[PDB]
Amino acid sequence: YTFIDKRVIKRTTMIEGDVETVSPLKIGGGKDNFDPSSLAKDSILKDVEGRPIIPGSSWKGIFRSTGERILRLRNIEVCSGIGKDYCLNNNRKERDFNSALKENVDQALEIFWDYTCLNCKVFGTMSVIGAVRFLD
Amino acid sequence: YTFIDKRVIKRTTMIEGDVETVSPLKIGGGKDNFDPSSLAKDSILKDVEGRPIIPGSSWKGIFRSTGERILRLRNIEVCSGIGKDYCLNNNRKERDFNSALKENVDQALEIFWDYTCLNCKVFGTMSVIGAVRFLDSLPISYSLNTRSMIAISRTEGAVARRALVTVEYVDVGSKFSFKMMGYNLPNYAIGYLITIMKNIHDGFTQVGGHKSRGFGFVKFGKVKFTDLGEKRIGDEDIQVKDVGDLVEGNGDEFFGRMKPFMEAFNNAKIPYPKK
Amino acid sequence: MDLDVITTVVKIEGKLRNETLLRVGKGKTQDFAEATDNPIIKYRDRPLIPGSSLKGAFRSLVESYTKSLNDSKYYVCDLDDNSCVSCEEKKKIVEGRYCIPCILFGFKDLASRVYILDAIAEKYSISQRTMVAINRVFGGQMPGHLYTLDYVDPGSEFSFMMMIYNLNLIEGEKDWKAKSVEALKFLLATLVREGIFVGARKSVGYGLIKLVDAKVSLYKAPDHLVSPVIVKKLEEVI
Amino acid sequence: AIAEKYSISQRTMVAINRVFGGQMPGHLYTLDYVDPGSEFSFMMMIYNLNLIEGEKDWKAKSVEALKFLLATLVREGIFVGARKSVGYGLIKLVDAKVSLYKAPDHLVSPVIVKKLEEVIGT
Amino acid sequence: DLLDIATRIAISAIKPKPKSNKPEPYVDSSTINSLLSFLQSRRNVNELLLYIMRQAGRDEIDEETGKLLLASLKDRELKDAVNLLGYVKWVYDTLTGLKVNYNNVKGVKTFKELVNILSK
Amino acid sequence: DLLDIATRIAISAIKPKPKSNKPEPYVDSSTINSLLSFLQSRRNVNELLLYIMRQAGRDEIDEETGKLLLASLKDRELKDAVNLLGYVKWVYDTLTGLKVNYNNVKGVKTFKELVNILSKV
Amino acid sequence: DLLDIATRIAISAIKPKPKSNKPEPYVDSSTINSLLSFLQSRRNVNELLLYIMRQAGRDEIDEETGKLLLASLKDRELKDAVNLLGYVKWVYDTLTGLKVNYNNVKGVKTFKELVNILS
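Residue numbers (the authors' numbering), protein chains in the order written: chain H, 4 to 139; chain I, 4 to 278; chain G, 4 to 95, 99 to 244; chain F, 125 to 246; chain C, 19 to 138; chain D, 19 to 139; chain B, 19 to 137.
Just so you know, not all the hints are guaranteed correct.
[Said to hold, decoys possible] Here are some of the chain B residues that sit facing chain I, going by a computed Cβ distance under 8 Å:
id, residue
1, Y44
2, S55
3, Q58
4, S59
5, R61
6, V63
7, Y69
8, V100
9, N101
10, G104
[Claimed, not checked] Cross-link-like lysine to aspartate or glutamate pairs, in silico, EDC-like; alpha carbons within 16 Å at most:
id, chain 1, residue 1, chain 2, residue 2
11, D, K124, D, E42
12, C, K35, C, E82
13, C, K130, D, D93
14, B, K97, I, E52
15, H, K44, B, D77
16, C, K117, D, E42
It should be emphasised that the hints constitute simulated quantities derived from the structure, not laboratory data.
All residues carry an ideal CB built from backbone N, CA and C; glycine is no exception.
Construct the entire structure; sequences and hints are all you get.
Given below as structure tokens:
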């Protein structure tokens with residue numbers, strides 16, 4: 004039950020890798036302004052020094068969608084982790100979880116372990132922080 | 004003892020330095036109060052001059068959370084500090100301290116010493132003041148930049164755009180003046196604070212709003228450590244090698260300089276709480 | 004001790020510049036000018052530091068200084084102790103144990119010789135900061151402990167005025183009841199350079215006053231009490 | 125003295141700290157203050173002392189002491205009332221009329237009505 | 019008097035919000051507290067009016083309510099402005115806490131009439 | 019006279035407060051002291067009415083007691099309002115100190131009746 | 019002070035766009051936000067002037083509004099520039115939300131005149 008409990012960090016895993024673009028890459032820069040010395044009107048997201056960084060949000064979204072596809076392939080039920088559609092809401096256990104938050108923590112942990120999916124318990128869901136952090 | 008006794012100040016420690024943001028930091032604040040200084044859209048707890056100061060309250064909360072994590076890792080009985088107290092109300096001996104507040108001041112001192120966690124003594128829980136004090140951070144080379152996450156993506160379906168959202172953060176490379184002070188802090192407490200600071204510096208702990216998306220990561224490039232007063236406070240303190248009084252330098256060599264303090268704190272049998 | 008013969012009148016008047024945002028409490032009373040359940044105290048839309056709070060902070064700092072002196076001749080006694088006296092000199099000789107905080111800020115058996123006025127603000131600005139807690143389990147959730155506090159702007163002048171009687175500072179006392187002038191000078195130096203911490207939070211850095219400059223005017227009774235004898239800047243005094 | 129324009133305010137203060145640094149509920153008190161900007165009707169009478177013309181012998185010293193007290197009241201001010209350490213209570217005479225009467229001739233109307241400012245400092 | 023203006027503007031601001039799931043005031047107390055905080059922080063009337071206009075343009079403020087506020091604060095001193103804002107906030111808080119119906123306070127123009135209505 | 023009004027107001031304000039786990043009146047002595055202090059400091063009757071209305075809206079002052087206070091404190095002089103508030107405070111303090119049950123005291127509408135009730139037992 | 023300049027700039031900018039099938043402003047709030055963000059990030063007044071000139075040349079800012087911006091930001095410090103840009107953004111938001119008509123507001127010189135109009 005250490006997976007959900009964030010009080011104690013009993014392990015720490017870190018992956019540092021290099022991403023090489025086999026195909027051309029275009030991360031949308033907002034298509035609303037071209038502040039730096041870009042090339043086309045639809046500028047990609049870049050640092051003030053011109054460095055075209057990749058947002059951590061994009062990594063998180065890509066990983067979440069790929070995991071959704073993988074779990075759907077493995078016939079494993081999974082939340083959508085977006086909008087008003089997470090299996091906390093789908094299972095109608097949100098009110099009980101909110102009550103348990105003020106109440107004994109063990110009940111909240113049991114609820115979040117039994118009535119919860121994997122993607123929105125790993126990447127995180129509403130009012131719960133995910134276990135994994137994505138950097139830029 | 005001297006650690007909880009604030010009548011006499013036998014040791015003063017000052018950790019002052021600059022903090023550099025290696026990540027798009029966003030502290031937030033004022034989400035329900037959109038009355039800024041006419042700068043971007045989302046308030047990020049900035050002064051009226053337009054400078055995004057990092058709140059001391061956030062610094063504390065971060066320090067207390069990291070210390071709680073560390074102590075629970077080291078098998079130390081530490082509770083939360085929000086709606087309860089370390090032991091006290093959590094313990095059976097709650098009203099005993101209140102009774103001893105009036106008379107037998109030494110008895111009350113003893114109750115606190117044997118019935119509290121380390122974070123209780125270093126941060127204060129109820130009717131008490133912690134041995135340490137944080138301050139706000141003043142941006143020096145701050146730069147503001149917005150970003151929009153309006154993207155709802157495929158949504159695992161057909162719709163590719165349903166909602167919209169944008170955020171305003173502090174761009175990387177900004178510099179903030181960081182200062183914190185401590186009173187009657189023993190050697191092990193100072194080493195534990197340095198351990199918390201090193202955990203923050205390495206990146207294991209993050210400060211900000213979008214921590215899951217990798218928004219808060221800060222590092223120290225120049226931090227001064229000035230110690231004034233006695234070298235050891237309590238009998239539980241470990242006699243550390245005399246590193247002097249003025250400790251400074253780059254962040255890496257700074258933390259390499261505070262190795263005796265962290266080593267002493269790790270090699271310290273913590274008496275309280277007795278339980 | 005001696006208080007009926009007013010020999011030296013020392014007046015310090017300066018500006019207290021608030022370094023970090025300051026919050027002073029009040030009796031939870033309500034007024035139209037505020038919308039917070041726990042606002043800061045002010046007189047007619049003018050935030051001010053009550054003289055009582057400054058007196059308490061100064062007394063606490065002086066007591067800490069005296070106890071750090073670690074000398075038997077100078078002691079600090081409990082506020083609620085009825086057996087304490089300001090001075091307990093005995094002729095065993100003329101050696102006697104005095105209480106510097108009791109001498110300066112008074113006691114139940116001796117009035118204070120250091121009159122401290124309030125300090126109203128001129129270029130003030132009230133700022134509201136909202137802080138919420140983070141539940142340790144399921145980090146990030148706000149458990150509803152959302153409390154918003156009022157503050158003063160980081161930097162605003164305050165009218166500071168303090169009166170000291172029977173304690174020459176510019177010239178000083180030779181050896182009679184000394185170490186009180188030294189304690190007062192140490193307190194003033196701490197206030198000017200470092201600045202003391204006052205306020206409601208005082209642990210997250212909320213509240214750090216500082217005295218930028220103050221003319222020290224000395225009024226002596228025999229020659230001319232109304233006309234100042236010597237006027238000097240506080241920096242030269244310390 | 126009565127303030128024709130008075131403004132009474134209350135300011136409760138717990139004001140208790142110890143080694144721990146909290147507030148003990150036992151030590152808690154509230155006080156009521158008249159706000160600054162209240163003018164009190166003040167009248168004082170002196171017999172057989174020429175504050176204007178001056179006096180001689182011991183009467184001269186008495187008049188000098190009275191002049192000193194009046195000058196201190198007008199310029200510096202006098203603390204009176206509650207705790208004087210905290211700046212509670214400091215009166216200052218704004219403007220005064222000094223009417224001198226000499227018996228048995230000039231008692232219906234004063235010979236000279238001069239501002240106290242011009243009397244204390246000459 | 020200032021209180022009459024405050025009552026009138028609070029009445030104009032307590033109008034029901036059109037197209038809402040539940041009967042709620044068209045203006046929220048958070049907006050009023052934000053007005054007070056903005057005036058206290060900025061300490062000027064011009065940008066206070068600018069903020070009021072921006073809020074009114076971004077919904078959450080009735081057009082007539084914004085017009086009345088602008089007319090009231092068109093030429094006022096800082097102390098008078100903060101006094102009026104405090105009175106408005108207190109009156110709005112009273113109306114919200116009492117759950118007074120809008121239709122029964124559509125004709126009040128003074129403060130005494132509102133007091134009589136509340137008492138009865 | 020004014021004493022009867024004050025007694026009725028105090029009786030209305032001493033009714034037990036529902037949804038409170040401890041037996042206590044609907045209002046608290048702190049509220050009465052705040053009322054008196056606010057009236058003294060502001061020296062205005064309309065501001066006092068605003069304070070009363072806001073306190074009633076804060077769900078801490080009984081609506082009947084608030085209506086009684088507003089009815090009494092209109093077209094009334096400042097001195098009369100001060101006297102009425104002082105009488106209300108004194109009657110409330112007496113009832114609190116004597117721990118008078120609201121059940122056997124809600125049926126009196128005259129100060130003399132309250133005096134007789136207290137004297138008899 | 020700065021409010022009058024901001025109101026003049028916003029009024030000049032809000033004039034209707036020619037050959038437009040819809041009654042739309044000649045410049046949209048996106049441009050104002052882009053200007054403010056550019057000033058906040060680049061933090062160079064000369065770069066801000068160059069960006070304003072480029073936007074004017076891109077037929078996004080009419081020449082009169084560009085001239086007003088250049089005159090009002092010719093030799094200003096960074097803090098004054100960001101304050102003026104924020105004032106301009108807020109005034110543009112007010113005008114857009116109120117759906118004011120340029121034909122009855124063109125003759126505005128001071129902020130007080132705008133206040134009087136919005137009454």
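Checked hints:
Checking B/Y44 against chain I: minimum C-beta separation of about 22 Å lies over 8 Å; hint violated. This hint holds: B/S55 has a C-beta 5 Å from the nearest C-beta of chain I, less than the 8 Å allowed. With a cut of 8 Å, the hint placing B/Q58 at the interface with chain I holds, because the nearest CB-to-CB distance is about 4 Å. Because the beta carbon of B/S59 sits about 5 Å from the nearest beta carbon in chain I, less than 8 Å, this interface hint is met.
With a least beta-carbon distance of about 6 Å to chain I, the hint placing B/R61 at the interface is held under the 8 Å criterion. The beta carbon of B/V63 is not positioned within 8 Å of any beta carbon in chain I (closest approach about 15 Å), and the interface hint is therefore violated. Because the closest C-beta pair between B/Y69 and chain I is about 15 Å apart, greater than 8 Å, the hint is violated. Interface hint status for B/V100: upheld, as the beta-carbon distance to the closest one in chain I is roughly 6 Å, under 8 Å.
The interface hint given for B/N101 is met, as the beta carbon of that residue sits about 7 Å from the closest beta carbon of chain I, less than 8 Å. Proximity of B/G104 to chain I holds as hinted, the smallest CB-CB distance being about 2 Å (cut-off 8 Å). Proximity of D/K124 to D/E42 is assessed by CA-CA distance (about 15 Å); at most 16 Å being required, the pair is judged to hold. Our distance criterion of 16 Å between C-alpha atoms is met by C/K35 and C/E82, whose separation comes to about 13 Å.
Among the hinted pairs, C/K130 with D/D93 is consistent with the structure: their alpha-carbon atoms are about 10 Å apart, no more than 16 Å. Restraint check: the Cα-Cα separation between B/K97 and I/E52 comes to about 9 Å, which is no more than 16 Å; the hinted pair holds. Taking the CA atoms of H/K44 and B/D77, the gap is about 14 Å. The hint holds against a cut of 16 Å. For the suggested pair C/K117 and D/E42, the alpha carbons sit about 25 Å apart, so the restraint of at most 16 Å is broken.
This entry does not satisfy hints 1, 6, 7 and 16, going by the numbered hints stated previously.
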